[PDB]
Structure formats: structure tokens, C-alpha cells
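Okay, so here's just one chain, in C-alpha cells, the form solved without the named molecule.
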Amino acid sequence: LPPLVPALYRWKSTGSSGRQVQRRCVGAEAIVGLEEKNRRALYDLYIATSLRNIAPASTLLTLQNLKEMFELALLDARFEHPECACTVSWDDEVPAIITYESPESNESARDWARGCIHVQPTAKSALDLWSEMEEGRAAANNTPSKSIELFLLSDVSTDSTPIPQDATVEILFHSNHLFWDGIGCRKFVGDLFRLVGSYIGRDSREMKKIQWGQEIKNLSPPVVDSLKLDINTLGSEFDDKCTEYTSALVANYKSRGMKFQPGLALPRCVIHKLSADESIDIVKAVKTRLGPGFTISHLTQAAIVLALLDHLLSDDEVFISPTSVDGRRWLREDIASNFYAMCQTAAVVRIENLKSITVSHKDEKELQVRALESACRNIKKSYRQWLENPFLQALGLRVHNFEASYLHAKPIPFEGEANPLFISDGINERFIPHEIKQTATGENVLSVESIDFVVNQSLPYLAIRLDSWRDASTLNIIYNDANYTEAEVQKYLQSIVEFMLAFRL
């Protein structure tokens, strides 16, 4: 297994002015950056936010003036976090190249921001537009997505129609996954919602010009150089643990699992929003039944497994799932909480003795609870083997480099069957505010009602995401519609939800 490598991934000035820098991407970046996949938007991130106009009656909003305010916000945000204007290129190597260049002029910067914000008077939701964009893609037939763009939608006649009191404005954020992980992208949405507050109800042309060039130092530093651990100190324990992961990875590609139909078509999504009341009861049941260190994310992973067992093989089968985790805790404290580029690593969930946890929905509640509890303890114990290790972020970078190379070499890496994968997105309040306010007055202007986070799926496994907003948990399953019917995914999602609900006290 090739080593890191830190020098290989640092920012480099590409010319005399210092205004353009580039770096070879690393780890999970290399996976989502694979040229043949990135050009087809195969891992693109979308965040669908539904907002409600709760502003004072004297605040006049239109799609046209919202676009103007978000252009201003996006410029401020580019200064704070220039990942939003990085671009991608490739040579003959597997890892993508990430470039950042300061705007050549304030005019050029303004042109760029205008180019990233779009509006439509329409009744379509943000997710309706995702569907349309993916259908349109696809039909249009090979250019990588921008780091970020926004689409503002509202059911009004024109872009100068005042948005009625309590009317919905939807925003779809669309990002090339190369330049962010889910955390960084949501943090950036939060930043835009903060920054746009400066421009509601005002002389923006007269405001202090941004000194372009000065934001280069605001790019997230290279992950390798940001670690607590000195990677030069690594040895055979590190190599063995990396090999344990890559062995699990390769075996997961080849393992028995959920049947799928071969092919490739469009990414699709099925969403189940649990009520706040249900979510609070589920979280309480986890705390009570299982205690500290256990979470609804563990329970969801447990329910995924029980739903899989109920849906379906060898006596000694082990459920093995190479998952990804946020790597920020492995970064130095003064970097870790302000990191917008990809910062992901890897763990392997393992659950043995599947027969002992095989329960139907018609079995006694106590049997189901006991099965879920067993699985949760297996899940948490698994994570412990990975998360307690100080080299884990370094391992992620190294093994994900390998994974990118594997996926380049094997474009159809699953055959016949693929087990569902769980991704926890966590609590959205960490990153995005409940309201957009007029900053000068503190007045609420737009209520952020719902947040749905989607990542395009071009591989044949069910990718199951959990997050939370306003104390309500949402489960989303993203799948490719060549591989499953919507009905079977819905059936599976409902099964997972039913087991989660069964855990309630």
C-alpha cells in the first residue's frame, strides 16, 4: 500500500504573482474527484432548504432582490472560505488537481458571484429541481460542476413579484463534492445565511471593496499538515490497520448482500421525516436503554441491519461495512473547528452472529429491542476499534487514496449484490441557523423550515443518510434507479423506520 506523502499535497503558487495556488487532492477527495465520475457529477452534493417568509410586513422580498443579496453574501463568503471558487483539473494521474485563483478584479469577482446565483418563479420544490437537473444532465451528455451554485425558487408570477407573507422560498445548493465534505458544505450554507443578513433592507455599492488576494490565506490548510499526529512517526501497526481496512473494503465489494439489478441510470431519493415527537422518544429510548456514548446513529445502523436480515446468508456470515467518519477531531484544535475542505476518514462496522439478532416485525417487542440493543453494542464496539486510534485520519487519507485507484480500475466494483451503507450527517443546528435575520435589527426575515441533504448515487448500494433539524430526524435513502425500484427502497426504508420506532420505551 503506497504511503503518504505529505509534501505531495500542499498548496503551491503556480506563478510569480502568488494569486493562483494549486494542490494535488488527497484521500476521499481522490474518490469523488475521479475524472470519469466527477465529469458526470456522480458524487455531487445538493442541500435543499425550504424557507418561509416571516419578515416584518414592511420588508419587501423578491426573487430579483434575494439574488442580489445572496450575490453580496457569496462574495463575503468567498473571502472567508475560498473553497467556494476552487476549480478542478486533471492530468493522467488518478487524483484530481484543485486550483484556487484570486479574482483579477473586483468586477471579475462580481461577475463570478452573479454566475453562481439563479432564480426561478416556479411552484417546483428544491428537490423537484434536483430531479430535473439530474434528468437534464444526463440527456445533455461531461463538464464538472462548480464548487457551489444556488437556485432560489418561489411560487410567484415573476422575479419582481413581492414574496407574500408566509410564502415559501426554496433554495437548492449544488456543489461539486471535490471541494467539501458534508460538514464543510453545510457550514458554508450557514455562513451564507449569516452573511446575507447584512444586506436585507439596505447602499451596498458604497461598501468597502474586498482586497482580493488577501483571502488566499483563508483556504483550509492541507489536511496532512493540520494533524495532531506527526505522520513520519508511523510504522507497522499503522500499515497493518490500513491493510485491515483495504482488505475489508475489497471483501465488501465481493460480499453477499441485498440483490440489485445491474446498470446505470439516474440518482433518486426516498425520504422519511420522523416527527419531532417520534425523534425525541427514540433519542430518549437510546439514552435509557443503552446510555452514554450511544446515539440514534447507532440505532439507525442497527435497524438497517435488522431490516436487511428481515429482507433476506452463510451461517458464519459477518455484516461488515466500511463506513466514513468526520476526521476533524484528529486536526489541531485551532484548525479543527474551521475546516471546510474534505476531512474524512474510515472505520469498519462489524456485526457477527446475525442469526441471534434476526427478528421480524411481528416478533415480540422485547425480542426486537434486545436484537437492536445487541446490534448497537456490536456497532459501538466496532467504531471503538477505529476511532480510539490517534492515526485514524492519516489512515483515511491513505486508504481512500487506494480506494480511488481501485474504483478507477474497477468501474463496476459490485456484482449482483451490495449491502446498504449508512452515513450519519448529524444535527444540522451545528452548522445552519434556524433563521435568516436582518442583522442590524435582529428581526427574523426567513425561517429555515426544512433541510434535506442529498449526495448523488451512481453505485448500486442503498446509501442511507440520517440527520436532524428542529429536533426531528430525517432518513434519506439515495439510490440509482437502474438498480432498484422506488417501491423496494420505500419498503426497505419503512422497515428501518419501523424497527427504530420499536425501540421506543
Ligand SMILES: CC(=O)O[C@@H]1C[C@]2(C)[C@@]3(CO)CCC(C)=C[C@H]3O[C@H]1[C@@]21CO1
The other form holds:
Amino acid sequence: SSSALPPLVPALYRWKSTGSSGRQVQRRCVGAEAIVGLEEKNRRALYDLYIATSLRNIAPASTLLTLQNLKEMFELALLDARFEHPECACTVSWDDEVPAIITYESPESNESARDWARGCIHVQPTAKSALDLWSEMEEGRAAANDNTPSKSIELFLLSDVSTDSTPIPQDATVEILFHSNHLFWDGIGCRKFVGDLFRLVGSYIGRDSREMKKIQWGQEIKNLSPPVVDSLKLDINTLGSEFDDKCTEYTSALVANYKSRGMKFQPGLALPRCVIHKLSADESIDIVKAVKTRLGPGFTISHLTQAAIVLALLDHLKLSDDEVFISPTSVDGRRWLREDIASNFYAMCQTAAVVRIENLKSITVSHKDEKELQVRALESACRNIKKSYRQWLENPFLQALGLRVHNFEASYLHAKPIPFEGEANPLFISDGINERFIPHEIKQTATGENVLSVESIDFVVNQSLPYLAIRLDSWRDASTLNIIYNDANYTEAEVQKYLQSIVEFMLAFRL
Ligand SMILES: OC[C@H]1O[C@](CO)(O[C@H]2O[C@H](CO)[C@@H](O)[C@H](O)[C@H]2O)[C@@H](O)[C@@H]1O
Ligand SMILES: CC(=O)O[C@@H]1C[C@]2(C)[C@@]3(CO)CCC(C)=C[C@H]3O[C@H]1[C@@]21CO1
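Next up, the form solved in complex with the named molecule in place of the form solved without the named molecule?
To see the whole picture, the full complex is given below, headed by that same chain.
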């Protein structure tokens, strides 16, 4: 009956045994899960995660690799990974409420488990890249007429050989496309799981796997990441009017951003697309250095990228004098979890801050303006950005806030599925260094010998809403930016143009 933002709610989100054996558990999803889990969107793969890893065969000449035996090895690794992190076999259902239900069932038998793992690993002798396959799958989705949600995870192994029993040559590449329903993970969890598989598969290269100790299915249930609410350092019962007002500030900015000036888009819905700019290690190191020197401690290339996003937008437009750039921006919420949970959490764990930049005219610069003017503008924007974040990040309730406001947003989106009209303010997503989660090599564990070099990583998300989302990460000291967009709403040329503008501004910051 009250008009107030609904409260959390913890008991609602806990794991519940659904039958007498204890083998099946379920929970009502929470926070950002409820956004990605929105039924008509999840059924159509909105926000599905794709991780494209290009790998090179650097194994001893005496190591024999084929797509068939790699499939076999990754199946074994995936069974090990399901035991460690059962998120990879959770499934989704809905009733009449907005939030999805997440279910885990322990395999009914070891045979059943192997059928499962077999069904998640695919191969193709093909010259297509991982991201060519992504495009193929998204182009196909349409006509296929099925609104089945994606599996928690599946793998596609590609290599340009004639057949699946052709030895993969020295120095040849194997591409892996990982594909995940975003419901079961965030970008941190999914990357950590990719890293786990690259670790676990190392046990199976060069070998008698049928003789290894049987997996005692059932014993992995305790391995599911615990419910996020119950995992916070903060007792959420202790919250009062400060928490309510801050949540209100967020939901107000959310609606303000949805209704605000931004990039013009054309209405419609067609295919998810991505444009990528891989900066060199040399360029990226230079930019990181220029951030350290010019701005110093507590500033990062992520702040710089957000600043460049803003400058590129202002340079693109030909805004009211009093416009404020306001942008809800997501943050990894793990620091708000208890220490012995926080570094081993695979489920969605996200919250958010509101980036605010006033005085936009004063930072409006062209690529042709004096370098020092551009640097100044970038500096001023970075300082505004860092300051904005601090106001959210310094707050001990920030993760609880994220859960509560994303519950509201799922409900808001359920009633208004496309919340932008005419224009949409670009969104920034900051992921950090992939080395935290993924190894540079897959090694034969028994020997320590390198078998496959992990040469490239590209984190691609399905976009079916009409805003640009810009994602930054890093691998082997090279920063990568990509922009996801739906091709009903924007052209490739115009998103390429905008990404190039962003990159050009960041390059301009170098010493
Ligand atoms: O010249 C260094 C710089 O430019 C690169 C060269 O590889 O250019 C990339 O830019 C576009 C983005 O539109 C990519 O799609 C293209 O494949 C790349 O050549 C980039 O890596 C370096 O930063
Ligand atoms: C500003 C904010 O917090 O947004 C939310 C965080 C996020 C997890 C996600 C960021 O990772 C999903 C991927 C994309 C494209 C955009 C973002 O949209 C909302 C989300 C789905 O729940």
C-alpha cells in the first residue's frame, strides 16, 4: 500500500530445497539478476555474454591435438568446473512475478552429468573466427523461432583444419567462443570460470581419465556461491533514512538518464553488433603512464576512458547551457562482501554509482584544438568523474543499494521495456585486467609444458536496446575498447566514428 521504493527482502532470495532428496535447490533472483532475467528479454538473449579467446598451439611437436580430443578434454574439465562452480549448470524459469527463478539440480547420475557436459562443448573445422561464429549465431536466432533462454554456458572450438581428427599444426590457432546467459554470472564470474576451465583442462592433455576417482554428485551444492544479501559485511536491517534517500537519488538519476540528451538513434530492433579497438601494448602503457604523471594516485585509464566518452559525445553534438552529464555506471560489488566470500564469488555481484559532470561547455574541445586544451579538458572531466564515484563508493551500503535499485529497475523495465526515445546517453562499463582471472597459457599440468597460448580475449555482449555501451578491459598490457549497439538503431560507420573519436582523445592524453 505504501508509495516507497520496495525494501530488501533477504529471506526472499535464499537457496531453498524443492524436494525431499535435497538434490534440487532454487532461489528468486535479485538486483541486476532481475534486469537480465526479464523473461521476454532473456528468452531473446539480450545481454548474453560471449567471450572470444583466440589461442595458438605452442605445444611440443610431440603433443597431438585435434578438435575431437580437445572436445573430449574440455568435457572432462567442464565436469570438474561444475563440481567447483555449479553456476555453470543452473537453469532459469519464471512464474507470474518479474524476477526470474534460478534453479540448481545435482546430476541424477554420473552418466547424466557426462551427457550434460558433452552437450555444452562443440567443435567445427572452419576458418571462421570466434566472433564470426557469434555473428552467425545472432543472425540465425531471429529466423529460428525459439525463445529458449541460453544455457548458463556452452563452448565452441574452431580451427582451420579439414576434419575433427586432423592434427592441429604447431603455431596454428584454435578459437574458443564461450557463450553464457548473463543471468548466472557477471563479467567477473564468467571470466573467472573461463580461467578455471583453462586450468582444469591442463589435467587432461596427454592422457586414462575413465579410471580417475568418480565425482560424488550432490557434494557440489555447497559450492554454489551463497546468496549475495547474506554475504554482505553490512547488516541490511540496520539501514534507515540515509539509505532510502541515496536509493532515491539513484532511481531519480536512472529516470533522468533515460530521458536525457545523448546520441540520436533510429527506432527499431534488429541485430546485436560490436566494434572493437585493440590499443597496442605500447599505446596502452603510455596512456597508463600519462594518467599516473598528470593525475596521479587513485586515477586510472578507466576514468580517462569515461572522460573521452564525454568529450567525444560533446564533440559529436553541434545542449542546454545547464545540462549535466549524468550516467549510472556499474561497479563490481565484491568489495562489499565478507573477505572469505569476496574473492570466490561467481554469481552476479554488481552495484552502481552515478557519474556527474557539470560545466560541459568548459570541457568542450575539438580534436583540432591545441593539445594542452584537450589535456586540460580531459583532466577536468577525470576529476569530476573520480569525485562522483567517491560519493557512491565510499558508502558501506553501496552493494545493498545496488540490489534494491536494480530490483526497482527490473520492474521499471518490465513496464517500459525500451526506456529511451529519440536519443540515448552512452553507457560505460569498466572490467579491468583479464590477467586477474584468465591464465596466459593452458599448460599440461603433469609437466608444466605450455600447450596453448591465450593470445586474445574479447568480451562481447548482445545489445538489443538502443544505447551505446562501451566496455574497457586489458590483456597482455594492451587495453581493448569495444562498443555494443543494435544495428536498427545505429550504423557501423557511425559507431566506428564515435569509437575512433574516444580513442583519439585518450591518445591525446599521452605525455
Ligand atoms: O596503429 C596503432 C593503433 O591502430 C590500430 C592498429 O592495429 O588500429 C585498429 O583500429 C580499428 C578500430 O576501428 C580496428 O578495428 C583495426 O582492426 C585496428 O587496425 C590499433 O590496434 C592500435 O591502437
Ligand atoms: C548502470 C548499471 O548498473 O547497469 C546495469 C549493470 C549490468 C550488469 C550491465 C553492465 O554489465 C549489463 C551489461 C550492459 C550492456 C549494461 C549494464 O546494464 C545493467 C546490468 C544488467 O544489469
